[PDB]
Amino acid sequence: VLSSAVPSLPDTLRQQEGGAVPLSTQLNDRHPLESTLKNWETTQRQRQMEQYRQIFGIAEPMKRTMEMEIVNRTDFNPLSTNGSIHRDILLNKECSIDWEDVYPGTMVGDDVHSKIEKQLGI
Amino acid sequence: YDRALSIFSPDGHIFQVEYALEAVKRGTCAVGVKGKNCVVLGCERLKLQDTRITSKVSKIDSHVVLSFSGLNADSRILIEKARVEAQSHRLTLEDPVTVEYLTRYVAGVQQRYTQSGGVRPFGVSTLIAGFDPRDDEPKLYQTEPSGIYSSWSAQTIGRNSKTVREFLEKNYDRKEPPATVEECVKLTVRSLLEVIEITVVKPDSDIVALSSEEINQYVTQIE
Amino acid sequence: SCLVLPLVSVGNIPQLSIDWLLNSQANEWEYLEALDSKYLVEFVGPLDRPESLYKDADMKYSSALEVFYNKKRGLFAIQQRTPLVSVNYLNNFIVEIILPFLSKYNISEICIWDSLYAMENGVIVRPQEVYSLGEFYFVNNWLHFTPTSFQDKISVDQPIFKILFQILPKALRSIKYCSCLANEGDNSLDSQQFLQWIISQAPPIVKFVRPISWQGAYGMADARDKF
Amino acid sequence: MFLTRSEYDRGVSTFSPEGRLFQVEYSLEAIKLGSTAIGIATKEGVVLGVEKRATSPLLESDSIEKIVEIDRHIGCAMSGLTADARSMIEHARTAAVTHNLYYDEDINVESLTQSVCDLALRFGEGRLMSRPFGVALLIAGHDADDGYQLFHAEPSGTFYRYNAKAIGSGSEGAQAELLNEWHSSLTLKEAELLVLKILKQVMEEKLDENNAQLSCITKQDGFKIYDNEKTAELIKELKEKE
Amino acid sequence: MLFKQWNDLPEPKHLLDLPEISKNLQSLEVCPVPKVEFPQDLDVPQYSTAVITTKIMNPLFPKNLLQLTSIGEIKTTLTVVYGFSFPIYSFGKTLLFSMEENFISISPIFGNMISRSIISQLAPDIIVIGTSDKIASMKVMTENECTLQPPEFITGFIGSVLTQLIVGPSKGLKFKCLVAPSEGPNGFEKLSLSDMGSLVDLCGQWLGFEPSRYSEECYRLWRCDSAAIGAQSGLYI
Amino acid sequence: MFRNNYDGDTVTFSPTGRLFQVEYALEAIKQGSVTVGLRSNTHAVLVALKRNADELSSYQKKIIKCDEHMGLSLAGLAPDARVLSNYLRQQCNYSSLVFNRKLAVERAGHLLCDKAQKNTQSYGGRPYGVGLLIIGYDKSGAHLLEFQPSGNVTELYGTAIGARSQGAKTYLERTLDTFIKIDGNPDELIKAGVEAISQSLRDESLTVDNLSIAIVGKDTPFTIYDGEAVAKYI
Amino acid sequence: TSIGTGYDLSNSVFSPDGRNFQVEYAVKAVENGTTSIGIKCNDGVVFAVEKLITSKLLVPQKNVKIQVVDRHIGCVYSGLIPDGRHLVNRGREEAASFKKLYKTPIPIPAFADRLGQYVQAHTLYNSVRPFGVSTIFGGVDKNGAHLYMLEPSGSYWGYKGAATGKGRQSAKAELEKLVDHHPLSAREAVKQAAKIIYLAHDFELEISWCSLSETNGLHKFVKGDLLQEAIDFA
Amino acid sequence: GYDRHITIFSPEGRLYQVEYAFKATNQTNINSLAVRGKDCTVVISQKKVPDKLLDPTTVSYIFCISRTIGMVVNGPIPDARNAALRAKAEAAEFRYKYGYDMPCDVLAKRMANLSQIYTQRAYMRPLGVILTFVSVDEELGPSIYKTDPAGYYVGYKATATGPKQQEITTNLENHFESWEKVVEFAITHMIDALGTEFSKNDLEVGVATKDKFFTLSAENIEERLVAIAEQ
Amino acid sequence: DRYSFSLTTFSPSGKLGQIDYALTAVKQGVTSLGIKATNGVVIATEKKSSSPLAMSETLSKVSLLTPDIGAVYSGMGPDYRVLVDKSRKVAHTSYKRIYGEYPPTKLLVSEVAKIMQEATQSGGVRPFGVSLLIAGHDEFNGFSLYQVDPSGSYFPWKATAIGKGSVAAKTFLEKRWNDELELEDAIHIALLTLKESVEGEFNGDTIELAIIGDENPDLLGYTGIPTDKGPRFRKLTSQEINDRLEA
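In order, the protein sequences belong to chains H, D, P, E, O, F, G, A and B. All letters in the first sequence, in the order written, are residues 21 to 125, 132 to 148 by the authors' numbering. All letters in the second sequence, in the order written, are residues 4 to 48, 52 to 60, 62 to 202, 210 to 237 by the authors' numbering. All letters in the third sequence, in the order written, are residues 2 to 52, 57 to 125, 128 to 145, 164 to 193, 199 to 231, 237 to 262 by the authors' numbering. All letters in the fourth sequence, in the order written, are residues 1 to 126, 132 to 247 by the authors' numbering. All letters in the fifth sequence, in the order written, are residues 1 to 80, 117 to 159, 163 to 276 by the authors' numbering. Residue numbers for the sixth sequence follow the authors' numbering, so the first one is 1 and each next one is one higher. All letters in the seventh sequence, in the order written, are residues 2 to 184, 187 to 204, 211 to 243 by the authors' numbering. All letters in the eighth sequence, in the order written, are residues 11 to 186, 197 to 251 by the authors' numbering. Residue numbers for the ninth sequence follow the authors' numbering, so the first one is 3 and each next one is one higher.
Keep in mind the hints are simulated off the structure, nothing from the lab. Beta carbons: idealized from backbone N, C-alpha and C, even for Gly. Accuracy of the hints is not assured; some may be wrong.
What the hints assert, rightly or not - In silico DSS-like links for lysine-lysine, alpha-carbon gap of 27 Å or less:
| no. | chain 1 | residue 1 | chain 2 | residue 2 |
| --- | --- | --- | --- | --- |
| 1 | A | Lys119 | B | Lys237 |
| 2 | F | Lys61 | F | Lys50 |
| 3 | F | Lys181 | G | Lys232 |
| 4 | A | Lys167 | B | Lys237 |
| 5 | G | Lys57 | F | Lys169 |
| 6 | G | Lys52 | F | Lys169 |
| 7 | B | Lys160 | A | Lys119 |
| 8 | F | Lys218 | G | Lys57 |
| 9 | E | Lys246 | O | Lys63 |
| 10 | G | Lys143 | P | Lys261 |
| 11 | O | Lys4 | P | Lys60 |
| 12 | O | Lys178 | P | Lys60 |
| 13 | G | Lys29 | A | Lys62 |
| 14 | H | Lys58 | A | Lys174 |
| 15 | O | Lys4 | A | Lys33 |
| 16 | E | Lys194 | D | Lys182 |
| 17 | E | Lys241 | E | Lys205 |
| 18 | A | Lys232 | A | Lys220 |
| 19 | G | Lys63 | F | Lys102 |
Claimed, not checked - Now the in silico label distances, taken between C-beta atoms and shown as ranges:
| no. | chain 1 | residue 1 | chain 2 | residue 2 | range |
| --- | --- | --- | --- | --- | --- |
| 20 | B | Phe12 | D | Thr60 | 43 to 49 Å |
| 21 | E | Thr98 | H | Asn97 | 36 to 42 Å |
| 22 | F | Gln91 | E | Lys224 | 37 to 43 Å |
What the hints assert, rightly or not - Listed below are several chain P residues computed to face chain O (Cβ distance under 10 Å; list not exhaustive):
| no. | residue |
| --- | --- |
| 23 | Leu41 |
| 24 | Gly46 |
| 25 | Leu48 |
| 26 | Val244 |
| 27 | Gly254 |
If we strip away everything but chain H, and leave its shape as in the complex, we get:
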């Protein structure tokens, strides 16, 4: 979140990260597996949609993505980070476990209203 007083700096306080000490330029030395592993699921999903587009046409990816957006955007529960029950069915992860599920992972900026604003971009 950028500072309200100056719209060019991160809001060190509202962005509770241990001070401004974790500065932007320094988040460049990363674990080799961090970038690949963080968005591994996304790459597989997009690759899967590409194959559907090639074979089944653009209609099938449109139907798949529209259903997911319907589920995601109609689901707002600011008291749970767990994925929706119907999200697993569409992703076909209703009988699978992963470290992201076992390990899902402050006084200031963790309130519900913070997620309400982000959810609606208000």
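Please arrange chains D, P, E, O, F, G, A and B on chain H, whose structure you already have, making use of the hints.
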């Protein structure tokens, strides 16, 4: 036209935003008076209540104060956001927040929450008082759910506001504003008796909540 | 002697049904008079004709509220083209407009045509039914609703107002309240079915004819180049 | 041929027959609630005048700000929902300052009003806002390409170059008189008196230095808001001339 | 916009959003009815013709050219309370009325009675100027000639006035009526620039003004700023 | 009457198959001022009648240039015209950077067609209320495209859109056999166009202020004649 | 029952009889378009259109209604213009993509399925409206000629003869007789297709066909002497 | 109210929008039949064209979902083809993830679970088709599993679907080496139950065996009818 | 489209609309009951099928969440089937993969209730139309029986019944329950109570019964390491139920 924020009435005003103001008018009375070098805030206050764990006047910073009227729950959250901004500004910048800046931010939050049909705007009108850092000019501001913020010499919001805003209008002279802590306090007390807790903020982050106002009540009552 | 009073309700079915009846039987019905349009949204327009009921040659416009009379059937019919200006004025409407007319022509019975919106006390029972018929002979349960009706009582809705004031004319003897559960949209066919059922409960109508004015319900022309 | 409710006005994206967008038209009704703002463009500078419309005597009329400085040679007068205006002014200030940073040149006010209208246009596709702006602003500025000019930016997203414009409450009366009184040879001094004269008719209360404030755009002085003392003198001169 | 709200379903269109006269929706008694106080000191015979209009057509009668002046106002009141008054104007031998029609503040009931009083006290050459959302084009009308097609009609106050000129007490008065197409709720009707041109240059035929000078005056009042033009001056290219 | 129930948005078909919400958008063009477009074998001309909000206001811009070889006119909603025109200009410039080709006039009108037809299929958005008359000259030659908000682009010898555009259309049809043969005579072609738009007038006469003219051809990059430069053609 | 009041104001809603009325309304939009027919021959297919000429201002060579989705696929639609051209471009995209990946022209049955999914996808959600066009398309591939006709509901089938538009009942009745009488050569059908359009019916006749023998598997229009011969036969 | 237009509980505790989807399965007016043999599963389905111009070759409600799995859909085909592509993709993904062929029952569970989403999500409508998966599982042998828009899925030793499923099923209940025999057995009861004689154009047949699932051609069907006539 | 208004909202009487309607769906659903014995728990229900040609083995209403926990439902099967799939998944992510052992009954019920509750305040999903009788055994809490409703409210029960014959069966369980019940006695009571509720035919094919009782090493699938003992949830076969009925 009544049931949405995104719809203008044919006459040209948003009813839903107006309906938020009537919620403020249902809230407890709040008052504010600007002296020559001080600002006074008065508020309207069961048998079994725990009075030692309750002050309707919550300070946003060492030098800024914020009273409110309307839904208490909304105010408690609007106050929290203002407090964080005050320290964040004190962190990203060095100087403390200007009183005009804080009310502008608070009004922005209220204005921001009006920019979607899936959010209920805060049914609270704030009455921000304080002094700019290293300044001796009292400043009092009022914010509304619509997001409009104004600077007032003396204002009252909430239950019995028109009757109290008429008493102040005739007893308060912009060319003859009170020039003593007692004078403004008496006006604030007299303002509240037309229908007690009084808070006085003085320059250089000197905020004190008065006790034993009965002397002023007894003095004003006799007169 | 009988009089049918259409109510402005969801889909305007009572008004649309009247159009079906009057124009389908145009050879029998005729214009009688115009009732005072004081308490309705004032309304002036041309004369509607079958795809004319107004027999007088010099007439040029239709009023907000009018009455049509059938010589063959001895049947009166009110055609209300606008809703009441306000809800509370219905008491004025019945007392000052309807009751004097009922005694004026010695109307034996009044038939009220209404329609109820499903989404709008929960008086609805056995909802599988779509029609209803309340009867009264000289939430409340004053009306005697027949079996196979979607309701057996009257809620805060309008019918309570008219029945009370009418209850509180020597010629008048009975009251009938016909209702139809309906929804918004093009109720042209729904009104026809409603008119068929009330008739079943008559010549009966062999060929239903729309008013000419109904042609313009969807607009004037279709002259453009997107099909 | 029955009377029924019509809902071509409630929605913002709902066209009515004949292609009228009512919600935009209703937005203009909001402007008429706002305080009167006058603006006259001519040689030697542009002049702006705004009714402050003190809600109550206790309100700090000295702090009511219907005129805001966007660039050292550009000024804006706003009328309507001031809450919505703050969003537009902030964007206008950023664009003008950004242009200087990118080109080392004062932003052309004709381009500035274009940028502002692109923001008020955002209720549809540039969407960022649910409803059109309920504020109509009046931009007065001087660029060294077209000279002293005045622009009126409606919430609909269209701007017009106006020789003289009046917005807000009583605009219909003000515009009628501006048509009778404006002329090419109108000097700045009489324009300031003219603006005050127009404010006299359409302002419901007494005209005074405390409830009316003037501003002007001049090449040498730039955008400056007149002090209460000067406005009192001009008002004094105006009633003497009358 | 991925989806349409399930809850967003309009209320049935059979009912209008008319102002509520009394909060007591459960009233089971005869509602009070408005009164109209026509000033008796008006010397009506001095005026050969009378013009009845709603406020949206004010630009057709410029103060600058016609020398319009007031003669008084009608008063109307209603207890439950409401009170409205409407000025009466004239120029030359013409008597003019403007009601200040409104959809939110003023209920149609007030317009109905005013129509009663206006017709009950004028029963001169009646000129009725109005608007309707149900007419495709401008219509010229009189007591013995109807131009409306069956689908079209007139509602609101102008319907109230026309109702009395056609039916009810004092029926049969000779009148000439002009209605231009418009859209919007009562008191907020909008007219296209094409209508305004067709409107001034036609009413000038009956009122008898110098058509070019009359048009020149009217366009300035139409287009500069008015409730009838609205956003049409800048909303369209 | 029944139209009110099915005209709520651009997603509901009426029982008769009519899609009202987009019909109104086409009707919104009639609110705009008349603009006339015509072309010969080698030259294409646009003629537009600008309007002012008030006598103290400048006449609204009505003709735009997407590049030196083609341009367009506007009629209908101002906000939609702002979006479509600049979006089209964003496409003239895009092609040159990556590919260095002039975007052909035919392609220009069709890339915009897809933009308008999406708004007529999805909820929330509304059909554009602006019609365009695009004129250009490329390898193939003269071009005149009329874009309707319903995603209908038609190649035309001449046309007119806006208020009272029927009169200009009738004149163009009556004179199609003539102005097409006006080849190599840009001056005469404009005079035909100015005459064509003149029939749409009711009260206002041609003036150097309100009138705007554009022309493009093999020897004429897109030029806009406005102000004193238009006096000769009047 | 053809209105279905209550269940017809929103898409993706089942009526008590199981019908989705919004789709049915979209069918009625198809029935108002110009009648278009498609005839399947032993060696190819034939398409015919009664293009109703609107004005002389239209450029005759650029005013073509029988679209060519791909070099070997012909497409003709009746109904809403925005939906018909929107579907054609999307179908055009699919044909190019299939050729791009598999380096062979897309089979007609596969092309129809891709369109069917897209058309059907708009009957699932209330934010979108069903396409209001019934598209007749066909061509030639390894398995021979194919003629397909998809409805607004997304349902498509293979046909020996198809018809749409206002002139549908008459054309279909005569089209059935042609199949019954000659259960055709690409040459013969062109004459018969012209005959049906004239029987169905100011309008002009547009015809196209694609056959293995007379066009080596490519889609070409009917012009010159062949056209006139078809008109003379009609 | 809203319960009629979106899939939410009515005061009676029933989803009207889901129940109206069942009635849409009979719009096509087509009824099917599936029976199990000792080593193969056979499914029968009518092919009412009925139009002369309509090509009977492309009128098929039987889809080859996978090598071993085929499904027959009762209801509108646009929803059927959408369902096929879903099942046609779920089976492939299962093989990729779990390394063995998709079982018949699990596929019904996946499709049924997907249908459950439409019965709970307000903005997603039920598909409106009834899917009858037929296959010969390497573990359970021949099996028939039928899915409905409500989200239910049940295994059947023999099932019939369509407007006249009650007439067909009652006959099978009364009755209760090569796939050609069961095909004749299935066709005979369809003729007996419905009473309508069948030809190659009016019938379509699908057979599931140990190796693969295939649909009989028009000429192949005619042969089976000829064999029946020999009786 | 950033949001969707809640399907479940309070009525003017203070009641949640969809919740009460969801309970009605459970009430109209098939009956299912459970009995908590001194040394075990019983959960029973009867299978209604569209046609006799349906394979009764595939109509499994009683299902295993963990080897020591089992659940049965009354109402909409698809909702219960989805819940069980998530309940089994949650039992591994939340507890087993963290603590190395299966969760106790009360915790698993709470997490199922949490899933059902989050559907009671959402703009896209109606509340689940099922009530689950979750029976299980814990090393510390011992045998337990819980009933969780669509609202997400779960209550522990000595013996309970849900569905059409809930009131009739619950009163019958009231008169025939005691703290001294043996698991064998409980099964006899459960079969009795289910006989009055069931309409039509009553055997082991129309009835399925599962019991939480003594361990079943024969069902473990492997031998050795005696610290790892079998499961407790056992679904009685139609053969066993038929033998019980004749007794």
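Hint by hint, here is what the structure shows:
no. : hint                             : in the structure
1   : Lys119(A) - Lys237(B)            : holds, 21 Å
2   : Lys61(F) - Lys50(F)              : holds, 7 Å
3   : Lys181(F) - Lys232(G)            : holds, 26 Å
4   : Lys167(A) - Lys237(B)            : holds, 23 Å
5   : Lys57(G) - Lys169(F)             : holds, 10 Å
6   : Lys52(G) - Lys169(F)             : holds, 21 Å
7   : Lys160(B) - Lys119(A)            : violated, 34 Å
8   : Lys218(F) - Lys57(G)             : holds, 25 Å
9   : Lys246(E) - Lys63(O)             : holds, 25 Å
10  : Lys143(G) - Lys261(P)            : violated, 37 Å
11  : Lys4(O) - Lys60(P)               : violated, 51 Å
12  : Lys178(O) - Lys60(P)             : holds, 25 Å
13  : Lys29(G) - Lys62(A)              : holds, 23 Å
14  : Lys58(H) - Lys174(A)             : violated, 55 Å
15  : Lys4(O) - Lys33(A)               : holds, 26 Å
16  : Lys194(E) - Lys182(D)            : violated, 31 Å
17  : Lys241(E) - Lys205(E)            : holds, 12 Å
18  : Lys232(A) - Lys220(A)            : holds, 23 Å
19  : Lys63(G) - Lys102(F)             : holds, 21 Å
20  : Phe12(B) - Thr60(D): 43 to 49 Å  : violated, 29 Å
21  : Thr98(E) - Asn97(H): 36 to 42 Å  : holds, 40 Å
22  : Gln91(F) - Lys224(E): 37 to 43 Å : holds, 40 Å
23  : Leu41                            : holds, 8 Å
24  : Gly46                            : holds, 3 Å
25  : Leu48                            : holds, 7 Å
26  : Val244                           : violated, 14 Å
27  : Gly254                           : holds, 9 Å
The structure is inconsistent with the numbered hints 7, 10, 11, 14, 16, 20 and 26, although it conforms to all the rest.
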